[PDB]
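There are 2 protein chains.
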Amino acid sequence: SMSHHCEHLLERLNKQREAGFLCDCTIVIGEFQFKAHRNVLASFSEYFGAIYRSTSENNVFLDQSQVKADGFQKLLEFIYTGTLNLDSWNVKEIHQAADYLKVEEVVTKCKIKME
Amino acid sequence: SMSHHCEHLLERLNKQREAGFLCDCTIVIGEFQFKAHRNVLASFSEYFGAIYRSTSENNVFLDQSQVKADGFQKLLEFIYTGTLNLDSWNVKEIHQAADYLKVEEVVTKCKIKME
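Chains A and A', in that order, are what the protein sequence lines are. A prime marks a further copy of an entry chain.
Numbering-wise (the entry's author numbering), the first sequence opens with residue 2 and increments by one.
Numbering-wise (the entry's author numbering), the second sequence opens with residue 2 and increments by one.
Heads up, a few of these hints could be off.
Heads up, the list lumps identical chains together, so a pair's fine if it works in one copy or across two of them.
Calculated cross-link-like contacts (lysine-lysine; reagent style DSS-like; alpha-carbon spacing at most 30 Å) [stated by the list, open to error]:
| id | residue 1 | residue 2 |
| --- | --- | --- |
| 1 | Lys16 | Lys110 |
| 2 | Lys36 | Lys114 |
| 3 | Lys36 | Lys16 |
| 4 | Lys103 | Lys93 |
| 5 | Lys103 | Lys114 |
Keep in mind that the hints were calculated from the coordinates and are not lab data.
Make the full structure from the sequences, and use the hints.
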């Protein structure tokens, strides 16, 4: 019932994101743009949460010298699915994205892996 | 991990709602107003979903002859917690709200109960 309720929610939220529906955040990293929901990002990222206490601008432009787009892609997918498939090649970038954006679930999963 | 992920999300989304944070929907039923998130409402209510394909107005004014505020309160709490505590006195109104707002999880739970 509760796994069913919140899993329903998460699937729908991810369907909306993939459809570009109600996405009130656009995250920019160089020539990459990502559509998402501010309430969802705030739920997992202290960086985005701190931002949305400070401005109503939808667009957040990230420092590309601090976050790789491919890292953020995997991080966003994790936020919207609960899935984090970490391997030797992507782990550093994903770690870097989650550390910069303060998504501590992932940071810890990464350094655990990095061993 | 996944129950943990989506339960985290849901708790945060409900904390945000109770704080009046990022709530881009105000639902009005007579002299009652409710703050919520449009993406969350759309995930569970075909009525609200159909609305957000049609307008960008945040406020939705409901027909109070079709939905009681106390019914909608319990329905909203369910949406944001996964919890639906139905008893003889509230079940009709909650049913009426979920039928009008097409939240089929609840409609069925109600008529199941109503036996």
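At most 30 Å between alpha carbons: which applies to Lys36 and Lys114, within, between, both or neither? within (28 Å within a copy, 41 Å between copies)
Is it within, between, both, or neither for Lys103 and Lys93, if the alpha carbons may be no more than 30 Å apart? For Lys103 and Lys93, only the intra-copy Cα distance (15 Å) is at most 30 Å; the inter-copy one is 45 Å.
Alpha-carbon proximity between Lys103 and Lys114, which holds within one copy, between copies, both or neither at 30 Å: Close inside one copy (18 Å), not across copies (44 Å); limit 30 Å.
First find the shortest C-alpha distance between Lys16 and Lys110 inside one copy, then the shortest across copies, and answer within, between, both or neither for a cut-off of 30 Å. For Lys16 and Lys110, the Cα distance is within 30 Å both inside one copy (25 Å) and across copies (25 Å).
If the cutoff is 30 Å on CA atoms, where do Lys36 and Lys16 land: within, between, both or neither? Let me know, please. Classified as both: same-chain Cα gap 12 Å, cross-chain 23 Å, threshold 30 Å.
In terms of the numbered hints stated before, the structure departs from none.
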